[PDB]
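**Q** Place chains G, B and D with the ligands on chain A using the hints.
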Amino acid sequence: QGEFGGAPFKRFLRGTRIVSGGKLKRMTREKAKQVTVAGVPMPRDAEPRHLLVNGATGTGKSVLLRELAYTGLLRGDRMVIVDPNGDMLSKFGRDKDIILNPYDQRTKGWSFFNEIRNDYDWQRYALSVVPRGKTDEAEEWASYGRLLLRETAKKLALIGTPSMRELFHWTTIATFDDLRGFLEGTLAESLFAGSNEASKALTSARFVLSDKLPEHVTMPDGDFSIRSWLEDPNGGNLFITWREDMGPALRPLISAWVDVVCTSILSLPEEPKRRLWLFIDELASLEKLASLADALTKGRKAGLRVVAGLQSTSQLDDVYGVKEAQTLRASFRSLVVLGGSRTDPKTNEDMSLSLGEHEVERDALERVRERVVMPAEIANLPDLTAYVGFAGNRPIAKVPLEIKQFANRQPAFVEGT
Amino acid sequence: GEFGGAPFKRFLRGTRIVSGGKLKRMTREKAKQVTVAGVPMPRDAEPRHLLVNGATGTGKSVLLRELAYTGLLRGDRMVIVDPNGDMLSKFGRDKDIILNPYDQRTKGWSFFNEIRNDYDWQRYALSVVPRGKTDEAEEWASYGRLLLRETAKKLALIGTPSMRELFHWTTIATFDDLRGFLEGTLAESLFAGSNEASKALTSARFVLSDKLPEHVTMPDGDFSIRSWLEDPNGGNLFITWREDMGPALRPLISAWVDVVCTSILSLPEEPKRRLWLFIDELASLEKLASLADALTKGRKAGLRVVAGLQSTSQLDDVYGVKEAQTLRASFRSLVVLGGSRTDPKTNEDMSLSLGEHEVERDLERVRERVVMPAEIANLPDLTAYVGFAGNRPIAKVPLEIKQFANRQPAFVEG
Amino acid sequence: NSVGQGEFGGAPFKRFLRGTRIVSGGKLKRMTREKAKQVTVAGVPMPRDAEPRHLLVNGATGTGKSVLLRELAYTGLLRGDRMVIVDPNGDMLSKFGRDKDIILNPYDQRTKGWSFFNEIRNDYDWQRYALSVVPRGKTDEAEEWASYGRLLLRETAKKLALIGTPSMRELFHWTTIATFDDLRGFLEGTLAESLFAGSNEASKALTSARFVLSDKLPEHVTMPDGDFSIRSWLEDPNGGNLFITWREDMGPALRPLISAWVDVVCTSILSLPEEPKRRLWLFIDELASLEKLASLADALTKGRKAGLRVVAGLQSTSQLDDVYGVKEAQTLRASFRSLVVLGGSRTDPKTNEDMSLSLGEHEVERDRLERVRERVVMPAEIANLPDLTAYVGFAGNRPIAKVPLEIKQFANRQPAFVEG
Amino acid sequence: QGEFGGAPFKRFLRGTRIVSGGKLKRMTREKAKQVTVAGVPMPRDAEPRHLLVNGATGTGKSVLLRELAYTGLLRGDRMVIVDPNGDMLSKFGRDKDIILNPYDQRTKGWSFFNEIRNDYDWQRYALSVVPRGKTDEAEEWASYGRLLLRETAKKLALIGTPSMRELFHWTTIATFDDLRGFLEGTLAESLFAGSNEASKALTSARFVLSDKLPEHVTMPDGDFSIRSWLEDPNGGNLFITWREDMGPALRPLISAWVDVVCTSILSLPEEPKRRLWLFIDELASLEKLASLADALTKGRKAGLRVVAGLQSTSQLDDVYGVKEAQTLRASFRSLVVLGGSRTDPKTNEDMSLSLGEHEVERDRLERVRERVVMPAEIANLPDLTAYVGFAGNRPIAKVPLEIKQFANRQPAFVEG
Ligand SMILES: Nc1nc2c(ncn2[C@@H]2O[C@H](COP(=O)(O)OP(=O)(O)NP(=O)(O)O)[C@@H](O)[C@H]2O)c(=O)[nH]1
Ligand SMILES: Nc1nc2c(ncn2[C@@H]2O[C@H](COP(=O)(O)OP(=O)(O)NP(=O)(O)O)[C@@H](O)[C@H]2O)c(=O)[nH]1
Ligand SMILES: Nc1nc2c(ncn2[C@@H]2O[C@H](COP(=O)(O)OP(=O)(O)NP(=O)(O)O)[C@@H](O)[C@H]2O)c(=O)[nH]1
Ligand SMILES: Nc1nc2c(ncn2[C@@H]2O[C@H](COP(=O)(O)OP(=O)(O)NP(=O)(O)O)[C@@H](O)[C@H]2O)c(=O)[nH]1
Ligand SMILES: Nc1nc2c(ncn2[C@@H]2O[C@H](COP(=O)(O)OP(=O)(O)NP(=O)(O)O)[C@@H](O)[C@H]2O)c(=O)[nH]1
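Residue numbers (the entry's author numbering), protein chains in the order written: chain A, 76 to 438, 453 to 506; chain G, 77 to 438, 454 to 505; chain B, 72 to 439, 454 to 505; chain D, 76 to 439, 454 to 505.
Quick caveat, the hints were computed from the structure, so don't treat them as lab data.
Treat each hint with caution, since some may be false.
Mimicking SDA-like on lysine to any residue, the simulated pairs with C-alpha atoms at most 25 Å apart in a straight line are [said to hold, decoys possible]:
hint : chain 1 : residue 1 : chain 2 : residue 2
1    : D       : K229      : B       : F251
2    : A       : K209      : B       : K209
3    : B       : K421      : D       : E466
4    : B       : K348      : B       : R119
5    : A       : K421      : D       : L428
6    : G       : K421      : A       : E424
7    : D       : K275      : B       : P289
8    : A       : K398      : G       : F495
9    : G       : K166      : A       : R375
10   : D       : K398      : B       : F251
11   : G       : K166      : G       : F495
12   : G       : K421      : A       : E357
Pulled out of the complex, with its shape left as it was, chain A reads as follows:
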């Protein structure tokens, strides 16, 4: 019926309802200041319910996340942006804003040590340094990796040498015996000794840490604490940047930071006025994050608002596993479909099914149940065109994305010389 691609109908019975772009825009418009999603103002209550932007590469995920960041800043919200090539940084970065990039002159000095405040914070952040294993077996090695990491990094802290270079030496360079000796006195003293199984466990933990820690070590150090930054209202915005050719090298470090924010907001003091955004341009690009799940379910009070991008259902599935991936996607109440490749009929089907069906009375009438949006309609979407379906009881609408231009108020990258 105009805003509905299929045959017009006489009466809408139940299910997903689709409305015109403008019609939606008036429906979601509210008294208070709001952020916009592809020109449509986002319902204030849908913000802490999170947003998922699914779409093939080049369809407008950037234009959209850029606009969402912009309107959020104009309202004065704070935010963390996993920002590739410092694009968002060059457009919205102010002078009081933070930068995390081991190769950027302007980056702050950091070590996970800087986040430890209580004893339970050791495993908490070991979980962030060493993300979840892709497979059950890889997770088993990871757990030994965390054991070795936490007990070793704990002792180094005790003995006044919370050195990352030291922790790395111990965990991956020192001989098996030396390490064993250093571990004496720690909960790990006996756990990694006594059988071939125990030695194997230690070897596995070594390999893990040798894989995860490199970047953390070469990370410029300082006293910066993501925890303290979150608690500081006058703290700026955090931009996690990196050059694309190094994406794979920094995957474990960047996932570390993203996870740190995820656990940390759970510890921030009860503050109703806080509004923190978490921008993860490509969710399936980070490692299987340990705390993301809880952050997406218990971050309302902290005022957490997560926006994530995805392309094919198989990407997240491969990283988190099918079961765990479904749960992850399910935690984003608000969805945006940007149209994908016709070569990916499975995700187009998944997106079509998510947008949902409606039961209509068409034209002796007739009741018909049909997809509001056909997989084919998603496959044939032109660029900068999106279907916006906000959390809760709202109708969805096909809306165009407009490319607004933003001036570069800072260099995206600054060589670490």
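**A** Frame of chain A; chains G, B and D with the ligands shown alone:
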């Protein structure tokens, strides 16, 4: 008017939907009852359990709070897995118990306090060391329980039922010392004689090093959940914790919930007993070893379990698909609060659960879902479909946010 | 029932509602025709914006993938585009190879001298290219070994470089010939010094790494030496085109080497300097024939800026599935916005179904009114397509069309192979 | 309709078209000499796109392959025939023809050593001797088996003793240490030493070679080369025969020969006039061939034409794996369905689906999409009746197979 689909001439068979009010009159009984989203719960549906499935922020709290409240007004006892002490601060009385290693008001506890017979050693070893996520992980877990039960059994024998002693032995003492200490116990030989035997020991250590931590640092006392259950005048138990420590306390919290699950099976036959078990988020605990039997053999002890879920993939990931199905299946009453449109599989599951009906229209026999997956995806907050156990129709009802005054501080730093 | 004749193979319809729309060949050709110079796909001018969105050409053997890729290469050359061609039996080389063009074939007299050492420029480039030399393992277990093999490879080759002997022969000797102890000793001082020692597990891991490197390195070693760098070649505008050739009977022997070169390009374009004028094509005649490339996915997602345009061929969905795994293969195919279906065997109903579904359905209104949802192209229509006939469905909002492939003839301006 | 078993229709819209036996025979008939498939002349361009004949046992797979072979010989094509019990050899074998059977008086002397011409040929044919493992794990062992085989066999050749008996001794009889010693100087010197894993690997390689090599050793010695035979125009035809009760024992050797042909044709010199047939009576009966895939895809210019038989989709699936078996079946552009058991509904469905559906317009007007051939129609096919669907755009046809009689121009077997 209440069936979202096209009106029909005649209902033939299947799931029947009725108006909120119509149902409230149908389910209302003479005796005192508790309410579910404003609907009086059939007295016989209480021990058949209730499952509340819904996306985050849909009203799972408002509903569980309501149930708890109406259950208290009726004088029913209850154990509440209460995050951030929300429930505690609203309904906690002075005679009520608090379990939180980090709250000044907590009772002192150790699983030792629940041992009364010999068979209680494995029974609660299963509570301390929950079921493994995988078949391999469970193999380790069982080694961990052997190590646990035999070491903790000797420590009790020699008059030193110390959790710090148990922890030292099982994860700190060297292999040989431990081996020595185990001599004379059923585990004397089992963990010796081959590389395999030493491997099983190594696996049991790791498990116990993962599970025991919080049990050790837990404040000491002679509090017994078993005894608490047998005491009529005992208050209500509030298991609380600060969210940023949820992961850390996951094994401990699961321990307590499980303990309740096995223990109620040993309570003396008491027809007058009405005990509620509130697990805000079922998939958030570990794979509980005794929950299954509790949901099947707790009628006689008066057990009433209420649990919340979000995505079917959550429970599935923790219990495994086969086991998770059996678990969800044990809850006779269901409440659907509406989920994300990004989770079509669960919405489909809930739609299917609500069921289909065969209807006759303007004739035409039609089979259709009473509630479409889409209708559940588009439900507004504080709106739920209530489908009680047995032969009852379902109804879409609105949840009302009743306000409760804080009659106690949610947390009290120790 | 007007619409649906000479375009849609099904019953003609009264009104098109939604979904995939099919148009005639000619009608598509004017629709996609643009002002700027364009390349052609089966005679159909390709949308300039569809180029960096990549193209996937699926079809049974002998249906015309060659005629198509050859045509694409040709028109791309006429426009002055640069390109890297995975060229079996030097066919493309013999038709389009010029004198300034590069050749990579360890057994061709004209090949350039290469070693992955030639691509190392920063420290992060060691693991980066260890990923290229040692592709992803087919199974989770095989990948575990692969990682050990990359650890051994990167630390050993790193030291050899430090000590001024960046030798492939030396690297090969150390990693697969020297005894466990000697290697262990050479490794002292490097990150792997302790990692490969201390338990049976550690020694097992070293043994696994040795096996992998003994499997991948062979051809790298026998590869004629030189200072040629694929990275530097990419940065050089006047650099010609790169033809990676090989004789078919050696395909399996060079599979690991060739996969390394293709991956080298896939990571390297990510480091090229921002140049809006760059147009680089990557022709991989048969994607499932190379190994599970480590950098492909990111290149198909982050190469627009570098001007990367990938063109790949496939036959049965099970081929790429077996190499990359089902999930990872889905993601990969999904990264190609444009599709060309050439028709498969009737003995492969699963793939014909996959292609039919990818081509999509349409919802139409026909007479007797009835709304009908149906596949624009049936699996049977694809199974029954004659040779040199294809369905072209460009990226974005464009209709698809059935077009005939014309066999243009190209004179041999160079011998396909030279030497032994 | 007299061709289509379902309800006649007013108009054909799209999909698979079915035509009468005769109608198809006129359609496919060509000017050039052709071979026939169940009486139907096979399109010349469909020959190098291969032919797959699916059918239950006793439906006529033999009558058909026999017919194909005969008409192929009448045209003068050369061929390799995996020939059970020497049936094909006894009807078409001439005197210049080759026979490979370790237990037949008339066999040629062979060793894989006879196929080595360049260095890359060692692994190439170690792949032929040691076929692909049924499981990922079994293949891991097989890869160690090939490492052990190629390095050992290579040295033995280097030192002037290319003995199959020497190779077998070294790889499965010599003690671990001696072997290790012998391997010194070869690429495998260190690879199989240094840890328990290294020793485990060696042990795996021994087991594998001990399973595969047996028949290779006991195989009569000679200087015959399948490679050279292929390059020789005047070379006859190759009949790979064996008595059925020994099928399991010879499975690894016969699979080796088939694979050698599969890789070797990739090295033959460019010859547009060559027409070489590869008859594999039952594809799932050989091992997971390492080079079949590439042969079914890159053998056009060598003139390879492959004809294979199958019964149930589960057979090939179990040997090659579901993914790899689909890829394999998909590489045969032409298909023949002979009718299967009603106890194998899945394969009948796979064949029905492969045959395809059509969208038709019938008078009640109704557009209907339906299987041209129902699973049930294939389950109920009488013997010697088949559906012939050539590669490309041709209709399919239900045709009868005629049992032509061929005189025995040679004994099937000759005890040695
Ligand atoms: N002509 C033009 N189009 C632009 C420009 N910037 C953005 N666009 C439009 O926006 C689209 C890309 O959207 P975007 O959200 O950046 O895509 P992405 O997948 O996030 N990133 P990328 O484009 O790098 O792959 C293009 O298809 C184009 O239509 C520009 O400078 N010129
Ligand atoms: N089925 C149907 N027929 C109707 C309706 N209203 C009027 N009719 C009358 O019935 C005729 C069609 O009946 P119908 O049962 O659909 O015919 P059919 O196509 O043979 N049956 P089917 O669709 O089950 O295959 C129309 O020509 C019309 O005159 C209605 O709502 N449903
Ligand atoms: N105005 C108001 N609404 C409330 C209050 N508590 C809950 N609600 C309503 O109920 C919804 C959340 O329900 P609730 O049961 O707390 O959700 P939950 O998932 O169990 N926990 P949470 O709300 O912390 O995310 C909110 O979206 C809001 O509409 C309150 O104190 N005031
Ligand atoms: N006359 C002729 N036809 C050709 C030529 N190249 C390809 N063809 C035609 O196109 C078909 C094969 O197409 P092609 O794209 O080469 O197929 P491919 O699968 O990529 N490779 P191949 O042809 O080697 O099997 C042949 O059957 C033939 O009809 C040529 O040089 N001359
Ligand atoms: N009268 C007759 N019928 C034959 C002869 N050879 C085959 N047939 C017919 O064809 C059927 C077997 O066909 P065939 O192609 O040999 O089957 P196969 O499965 O390849 N081998 P087999 O028959 O050994 O099981 C027999 O059941 C019979 O009806 C023959 O010499 N005489």
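**Q** Hint by hint, say whether it matches the structure.
**A** Each hint tested on the structure:
{"no.": "1", "hint": "D:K229 with B:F251", "in the structure": "holds, 24 Å"}
{"no.": "2", "hint": "A:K209 with B:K209", "in the structure": "holds, 15 Å"}
{"no.": "3", "hint": "B:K421 with D:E466", "in the structure": "holds, 21 Å"}
{"no.": "4", "hint": "B:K348 with B:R119", "in the structure": "holds, 13 Å"}
{"no.": "5", "hint": "A:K421 with D:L428", "in the structure": "holds, 21 Å"}
{"no.": "6", "hint": "G:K421 with A:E424", "in the structure": "holds, 12 Å"}
{"no.": "7", "hint": "D:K275 with B:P289", "in the structure": "holds, 23 Å"}
{"no.": "8", "hint": "A:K398 with G:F495", "in the structure": "violated, 37 Å"}
{"no.": "9", "hint": "G:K166 with A:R375", "in the structure": "holds, 20 Å"}
{"no.": "10", "hint": "D:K398 with B:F251", "in the structure": "violated, 39 Å"}
{"no.": "11", "hint": "G:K166 with G:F495", "in the structure": "holds, 6 Å"}
{"no.": "12", "hint": "G:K421 with A:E357", "in the structure": "holds, 23 Å"}
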